[PDB]
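Asker: For reference, the chains in residue letters:
Protein chains: 2
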Amino acid sequence: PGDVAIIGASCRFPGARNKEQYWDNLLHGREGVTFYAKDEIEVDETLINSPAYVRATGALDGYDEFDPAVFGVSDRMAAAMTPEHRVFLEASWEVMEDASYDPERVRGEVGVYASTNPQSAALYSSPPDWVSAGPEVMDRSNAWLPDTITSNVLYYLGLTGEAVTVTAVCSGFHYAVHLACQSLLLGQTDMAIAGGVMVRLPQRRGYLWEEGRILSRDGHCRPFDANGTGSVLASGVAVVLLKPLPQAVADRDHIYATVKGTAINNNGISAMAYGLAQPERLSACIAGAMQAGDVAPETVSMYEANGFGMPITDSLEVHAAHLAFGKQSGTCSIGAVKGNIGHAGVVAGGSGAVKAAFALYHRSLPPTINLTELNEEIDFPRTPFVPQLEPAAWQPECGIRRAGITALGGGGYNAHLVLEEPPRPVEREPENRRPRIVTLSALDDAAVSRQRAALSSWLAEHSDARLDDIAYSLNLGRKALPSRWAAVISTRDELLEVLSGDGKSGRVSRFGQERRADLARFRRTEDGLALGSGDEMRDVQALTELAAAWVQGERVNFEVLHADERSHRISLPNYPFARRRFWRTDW
Amino acid sequence: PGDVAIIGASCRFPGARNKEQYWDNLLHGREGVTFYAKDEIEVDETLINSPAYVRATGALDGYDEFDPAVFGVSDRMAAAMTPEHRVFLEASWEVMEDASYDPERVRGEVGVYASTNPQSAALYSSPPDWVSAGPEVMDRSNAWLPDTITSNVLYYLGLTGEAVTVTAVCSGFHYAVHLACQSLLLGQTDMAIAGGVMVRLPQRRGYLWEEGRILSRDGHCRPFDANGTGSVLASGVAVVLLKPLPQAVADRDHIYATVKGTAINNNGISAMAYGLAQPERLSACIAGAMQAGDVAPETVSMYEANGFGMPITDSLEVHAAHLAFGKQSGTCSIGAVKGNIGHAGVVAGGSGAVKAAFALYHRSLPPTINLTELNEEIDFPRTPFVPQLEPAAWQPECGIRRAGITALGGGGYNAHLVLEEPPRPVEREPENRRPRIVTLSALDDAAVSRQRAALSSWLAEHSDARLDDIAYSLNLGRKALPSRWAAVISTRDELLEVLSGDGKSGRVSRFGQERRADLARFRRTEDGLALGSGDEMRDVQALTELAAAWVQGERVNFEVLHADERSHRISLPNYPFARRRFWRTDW
Ligand SMILES: [K+]
Ligand SMILES: [K+]
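Protein chains in written order, with the deposited numbering: chain C, 11 to 597; chain B, 11 to 597.
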């Protein structure tokens, strides 16, 4: 094998609070940069009136919001945690939900590899003082140190494995995915959480334009444009769940795309100015990634570029990509997502990787925006690359869909990873009509009601989703939380009816109001309560009593319920986090 | 009836390390602003390449230099003290020396009134933490708090009295002089140290030009000029020693000028933009100061203005002064010293007051520089004021020389003080030719040699200085320090010869090496050793043994040595401070 599957994803970007909102924005060519009036910016009093100050930024909505009760975190600790700690932790929870894996029931080793910006931690609060070694000191250290961005995931999700934090400037996301795959291919872990986080402080802030530098003169990012003047600074987060491809296919996971190869290197002594791609070192990086995945440049029909929007930086990157593709490669779609959202720093490579992964999944090519006058110096007809001006269906003459994503940063950091479309979906056996248990749990009743509203809305969106996959994913892919709700249904239409309204019109809901469940009916197993016979697991009354016992707070062995069928994990709505704002008051 | 004499002065400004250098620069119309290359500024990385950044400032040479051993300060404490603490402490030492008063032997109550910029301390180091009450905590507080800028002077100079620190933005010097004079007129103190200190941090730094604001566009300050765009930021220190006029004449002090009146008020609800003078409030301040000293505007022939260099602010200030002078005032010379050095913040009013005092003392009017096109909007021929374009002798038709100095600041702070030339000198009796004792002491032997070189150089410049004044000032105006030197001479030429070379060619020096002084020859007084008879005080051998006893470290009553003659205190060189560099290393 040596291929790594992306079985779950979670991200937040300017103008997008989730991946579905992110993909919909890329499809319609929307811009997520925010423009402010002078009074809306409450910092930079010395610069706000300068003619060179641009009141534009890529804002991250809810950078200060967190739901500590879901993770078991105290309010004091939530304020002590840097925004990058909270945002990445909340995204790791969501990436596990998107893959339908309950961390409490994960039997293998999970690695957490993430990249973070230490400049953000240094601006949020003063660092820990290690003059004493009390427990409150350890709490303050775990809230501030970049080293514990990955450790806190292992602790607060209940996972066991290894945690590694890397700091790689603007290539952070790729370096995390690169290192995560080494862990998987060497067999040290079974699946891996990999990603990056960037929260710029102060958040609501502009920047200062200087002639010839990477920052834009008008606040617009125009990649590959002749009139491009640079990019905008942005914040975001992107996390993916990684798993070896043969194991992901065997376990009937939900696969967005596969990672064929990754490669990293540094410009070293052959250094450039910031944003300038050195042709020899970057091309060696791109070629090494394709060599690692055994993909030929003829087969890559999408190239997601770094693309600041500077004529000189775009020319050096397209030339470096040209050296790696060769002459005989053919034609390839080129684009830069920074035109949509700006430069997201640590996670800038993640926005491009997430764009490429979803492009392979939906077999669609999103456009590159703010492109009106093509850069004549890049001479695109003499290169394999064609700027994606319009959205288009992805139907390559090659026969296979493969994409390459590049991340450039300061300090000479280079990185490139090559993705392939997921395996073709297998032929499914016809769905058996039988009563099934569906479950929803959160911390309080209001959050469960939001889960019911989100699921009924989701059912309208995805009319081709099978009912046996929904129940398998909800029952085996979500953590059992205190406030619980369940129903016993046989069709998709019955599911929509029980979810509607207050949710109490269902068979299980009326059972819980009348009497408590009789536990002598069930057999206790190592994983919880189970039904006494195989014939019992197809009786509506037996399934109804078991679900009510679960709603009452008992632990149920959901594995033995789905042992007879080979269902698939699917992507369902995430937890509806109640987002209170947390910010430190003492420096 | 309430006149206060300026009997000592000390200052440092851009381009001047002492008051003699400052007056000489004003006389020749020199500019003390410094211009830097981009690489010479090691701060403001984000602004250094902006087209609006002006690499100009009024630097204070040696802002980080200090000689803590002379004050009894430890090296640890010298690094803990803010630069404003050290600069003001060193200037207070110099101002007592300039007036020829030894703080150990001052019999009265001395008040120390100063103004400081608390923003500098907040940038130099983190503030003290009061979680405990140990002596090391108190040392850190005394090193950081602005309240102890004045207290440390009382403690380290050996004075007893009262200390008051005020913070009055750009009117700081005037408010200190105002409060000092109230202390004297109410009899709370016998003499007062008054001044201010301004050390801008970071020191070597430019500024950002913004159109229509107070900062200059080219780095030059052009007061009353039609093409003026503002001023430059400057650092400095200015301290004066104040004493009631009748007492200063009775003690034969050296009087630069006298303070006739002072007045303060605030713009209040009648507020303006920064630097803009409200005519009604500022004129009331100017008129109130002249009313306090019982001086009529017809008698004021010099007006030292605030003078930023902006056409609108210069026009409003000249209008306010016109309202206070009336129509029948006559003619008056107007100038603004900010053209020479820039805006010195807390001590900005000090630069003008010191310029006016030396103008009154030397009977000269220094020019206003950078003035090529007069502001037609002010209409100077229709006002009593005439811009002093060239240096000129001060011979007013009024008959008396009086000056008014105005200080404007942010927050609406206004201040104005009126000075008069010193009293006419009395007729001196011819100098008796007799042997006299002259003394020099410092902290180490190398500093004493610098004192001898400084004293011999001074003798060439001031050939009209009487020897009985020189000995009286050296013997009664300097602190007795461990490394000592003395000589017994009768003429100025004998003084020049013994000071020359290694300084060991005198009878006192040859006496100390051969034999020790026999103290039984002398009589003990409450203030030290004295000679047994009046006839002995004219014997060379008796005076030589007494001087040698002092060099060996004994305490000598110098009051009784000069009791028979009425000598005068004169201005002699200051201590040659060995200036080691001190800066904090931990925030
Ligand atoms: K008043
Ligand atoms: K005796």
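For the record, the hints were derived by calculation from the structure and aren't laboratory data. Cβ atoms here follow ideal geometry from the backbone N, Cα and C, with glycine treated the same way. Take these hints with a grain of salt, some might be off.
Partner residues aside, some chain C positions facing chain B, computed with beta carbon under 10 Å [said to hold, decoys possible]:
1. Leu57
2. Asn59
3. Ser60
4. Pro61
5. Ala62
6. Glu220
7. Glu221
8. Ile224
9. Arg392
10. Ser519
Asker: With reference to the structure, classify each hint as holding or not holding.
Answerer: Going down the list of hints, with the structure as the test:
1. For the restraint placing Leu57/C at the interface with chain B, the shortest Cβ-Cβ distance is roughly 8 Å, inside the 10 Å limit, so the hint holds.
2. Nearest Cβ of chain B to the Cβ of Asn59/C: about 6 Å, under the 10 Å cut. The hint holds.
3. Satisfaction of the interface hint for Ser60/C is found here, the shortest Cβ-Cβ separation to chain B being roughly 6 Å, below the 10 Å cut-off.
4. Hint status for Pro61/C: holds, given a least beta-carbon distance of 8 Å to chain B, under 10 Å.
5. A hinted interface residue such as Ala62/C counts as satisfied when its beta carbon comes closer than 10 Å to some beta carbon of chain B; here the least separation is about 6 Å, so the hint holds.
6. About 5 Å separates the beta-carbon of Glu220/C from the nearest beta-carbon of chain B, less than 10 Å, and the hint is met.
7. Using the Cβ-Cβ criterion of 10 Å, the hint placing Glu221/C at the interface with chain B is satisfied: the shortest such distance is roughly 8 Å.
8. A cut of 10 Å between beta carbons decides the hint on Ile224/C: the least distance to chain B is about 13 Å, and the hint is violated.
9. At a threshold of 10 Å, the smallest CB-CB gap from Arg392/C to chain B is about 36 Å, leaving the interface hint violated.
10. With its C-beta approaching chain B no nearer than about 57 Å, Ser519/C sits outside the 10 Å limit, and its interface hint is violated.
In this structure, the earlier hints numbered 8, 9, 10 are contradicted, and the remaining ones agree with it.
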